[PDB]
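Shown next as structure tokens: one chain only, the form deposited without S-adenosyl-L-homocysteine (SAH).
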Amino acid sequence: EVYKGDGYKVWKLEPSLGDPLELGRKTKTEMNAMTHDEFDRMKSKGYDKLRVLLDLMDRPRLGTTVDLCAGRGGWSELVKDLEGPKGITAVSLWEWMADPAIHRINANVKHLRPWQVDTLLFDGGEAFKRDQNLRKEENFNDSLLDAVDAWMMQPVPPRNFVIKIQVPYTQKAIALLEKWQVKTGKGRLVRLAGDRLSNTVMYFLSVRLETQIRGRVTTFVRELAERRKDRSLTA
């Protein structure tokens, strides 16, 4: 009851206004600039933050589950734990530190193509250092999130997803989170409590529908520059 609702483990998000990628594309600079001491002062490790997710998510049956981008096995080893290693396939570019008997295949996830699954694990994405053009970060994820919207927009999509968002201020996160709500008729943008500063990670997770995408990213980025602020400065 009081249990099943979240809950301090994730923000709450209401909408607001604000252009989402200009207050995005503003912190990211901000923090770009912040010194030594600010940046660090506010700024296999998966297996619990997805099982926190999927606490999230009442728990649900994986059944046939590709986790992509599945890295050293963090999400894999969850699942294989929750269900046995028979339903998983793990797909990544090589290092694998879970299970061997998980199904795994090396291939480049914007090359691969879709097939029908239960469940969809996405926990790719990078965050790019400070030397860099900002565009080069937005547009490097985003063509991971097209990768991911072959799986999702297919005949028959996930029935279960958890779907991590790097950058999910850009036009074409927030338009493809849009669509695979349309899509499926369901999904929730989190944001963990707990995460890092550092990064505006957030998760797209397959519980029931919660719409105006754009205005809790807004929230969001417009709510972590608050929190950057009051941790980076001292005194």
Second form
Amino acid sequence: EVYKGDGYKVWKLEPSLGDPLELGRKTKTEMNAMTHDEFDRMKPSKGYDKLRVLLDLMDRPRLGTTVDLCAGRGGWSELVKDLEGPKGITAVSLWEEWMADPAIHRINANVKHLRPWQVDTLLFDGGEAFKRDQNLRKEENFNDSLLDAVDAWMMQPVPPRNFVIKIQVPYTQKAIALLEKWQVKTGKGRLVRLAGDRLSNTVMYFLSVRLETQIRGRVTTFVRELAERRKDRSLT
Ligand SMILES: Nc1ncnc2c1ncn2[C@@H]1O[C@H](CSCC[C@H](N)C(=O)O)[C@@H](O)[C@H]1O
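Swap state to the form solved in complex with S-adenosyl-L-homocysteine (SAH) from the form deposited without S-adenosyl-L-homocysteine (SAH):
After this comes the whole thing, all chains and molecules, with the earlier chain placed first.
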């Protein structure tokens, strides 16, 4: 249909030439130098609605046994509970703080330590944008390490049938390599940029929809496009 397709709710991202790490660092550098005004112009929980959009993009799959990594205040877990009941949903976070249905089973643990188990659905909403005063590599390394935690859940003998994985910094070499590997492991997976996400971040989501390859070139298109739209939204 005109709805099922796009680029209505996600950006159109065809592969393009270029180095996504260099372009990503470039537009991060540009954004760090913006005035308060420029940055403003460009700039149980809200995640609930976010996941709704994402799960609708995936044609509303049956979720079954679900683990929600970095569950935070619980918007995603609450959405799963409303969709299918509290029986199949497990939330993992370091407890900030739980705003969701208290009947949802929760584990207070660091997702980097916890050994994975077999799930039907894998959710991950970890990641943090760093503020301007830091060396760029600190944000890159922090979010890379977080995604590495997701790797063990993806690479187990029976991988998740559904997954929604947030990629905070999609242009690092490790992020791209991980996404390519999960595509080989699962035979699935597409990286999307939500239309209407803030331009002040670089967030994409890896969804278990039909395989879409050439992730590196599409991340390049995404970072170039993002740099353009950040520039556009300037005074005067
Ligand atoms: N290493 C880690 N282990 C477990 N949780 C972590 C973590 N690093 C960050 N987090 C947690 O992950 C959460 C991500 S915010 C996720 C919000 C949630 N999806 C919602 O809709 O409400 C934060 O609350 C943070 O406390």
